[PDB]
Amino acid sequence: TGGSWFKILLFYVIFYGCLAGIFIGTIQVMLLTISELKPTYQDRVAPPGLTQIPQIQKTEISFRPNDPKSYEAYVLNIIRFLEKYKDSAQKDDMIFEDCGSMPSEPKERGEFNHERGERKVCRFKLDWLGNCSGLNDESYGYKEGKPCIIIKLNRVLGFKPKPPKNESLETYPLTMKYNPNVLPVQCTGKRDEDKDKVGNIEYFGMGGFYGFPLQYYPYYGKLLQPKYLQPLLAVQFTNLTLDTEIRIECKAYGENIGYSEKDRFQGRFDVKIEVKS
């Protein structure tokens, strides 16, 4: 009977409309507590993860230099990421500022407020990533057999890395360490045999320093600092044993930087490389 069907359907219509209204109202009342500039908590992200650009599936880099298709995907991924680091895209001056090529103290651009609008960002030049920038050598070192991986630190909003103090040097001591404004990053062999057969490793950072400069921090969060360019570190493994499953572990050292056994990509990462013959 339609006379009662209409009434019960009407009751259901108002009932579900009221339920949806309560749900939406509660969501909105929650969202007024959410800031658009600074996240409420950083429990899960505060220690930034350390990742690489080639974007390899199973933490494996497998390619034969003879066959271009073996490293075609890796080269395409690297160039696709590096498209935004070309000097053509950094030509603008209203948003991009040219800070010095020598590492310096982290620069504060103000508190996270809608006032002052969009902030300015330092420009990162590709020529600093020599031998792996692609400007001098297209397709990087995959043709010759000298793979390049670009190492980046995961973006954390309002994060200021603290490099290790001079008194306590957990990493390899260096005359050129320059700890006040460089976050050290070192790639070593995973185990004894890989350490023996890893070969020479050379690092390309700003001004020949090994790690991430500190003036590129803190990140302000895609709304005050869109088109942000995080510092990059290039690692080339030069000569390594052929037809060998070499495992490489790259680690970032610092006071804020932390490590966990559960998260294998927190403050460090693992790469497996075998160059087929």
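For the two forms, the rigid core is made up of the largest set of C-alpha atoms that agree within 1.5 Å on superposition. Residue numbers count along the first chain shown, from 1. Compared with the form deposited in another entry:
Of the residues checked (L126, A73, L169, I201), the rigid-core alignment between the two forms shows a Cα shift of at least 2 Å for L169 alone.
For comparison with the form deposited in one PDB entry, would you give the structure of this protein in the form deposited in another entry?
We keep it simple here and write out only the one chain, dropping partners and molecules.
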């Protein structure tokens, strides 16, 4: 009967409205706990991952220098990433500041609060990425047999990397360390077979130092520090064997840096590069 149909529709609309209201109320009470400035926990993100710029598919960079189409995607990805690192973009003085060109201490800008509002960010110049800034060679090194990758440490809110101390010789010496305020990065062949075909790797970093300067840390998290620029480290493989697929592993070093066998990108690369003749 019509009255029964009306009652049984009204009961269900009321019941579902009450359920939805209770659900949204619980969600809001939960959200009252968290803050817009810092995550409650960092059980997963705290040991930062190490990632590269070209954003390649199967950890493989494969191109023939004769065909521009082979490296066009890689070059375009690098251009897209570096569009925000141009000197034209970081022109303002209100948001950007001319931080020292030599590596320095981590720059605390107060604790995480809405006080002081938008923090200021150090500016990163492409000129520190020589042979790979794209200012002179728009195609970096892909036109020749000089593949260029750019290393970046995953942004972690309020994370201060502590470089490794002098307890032990971690690898073959860089001989130009400035270890108090530089986070080292080293790329080497994964196997002994790749170490004989990797060649001479030339690093490109701020101040001529081979790693991440510490004046860019900590990161304040996209709200206090929008348009933040993380430091970069260009890596170029000038002389590598043609037609061969070389396995490369790039690692960061530090007490605070950690490595996992399950997660293959936690502080390390595993990139595969081949250059067809």
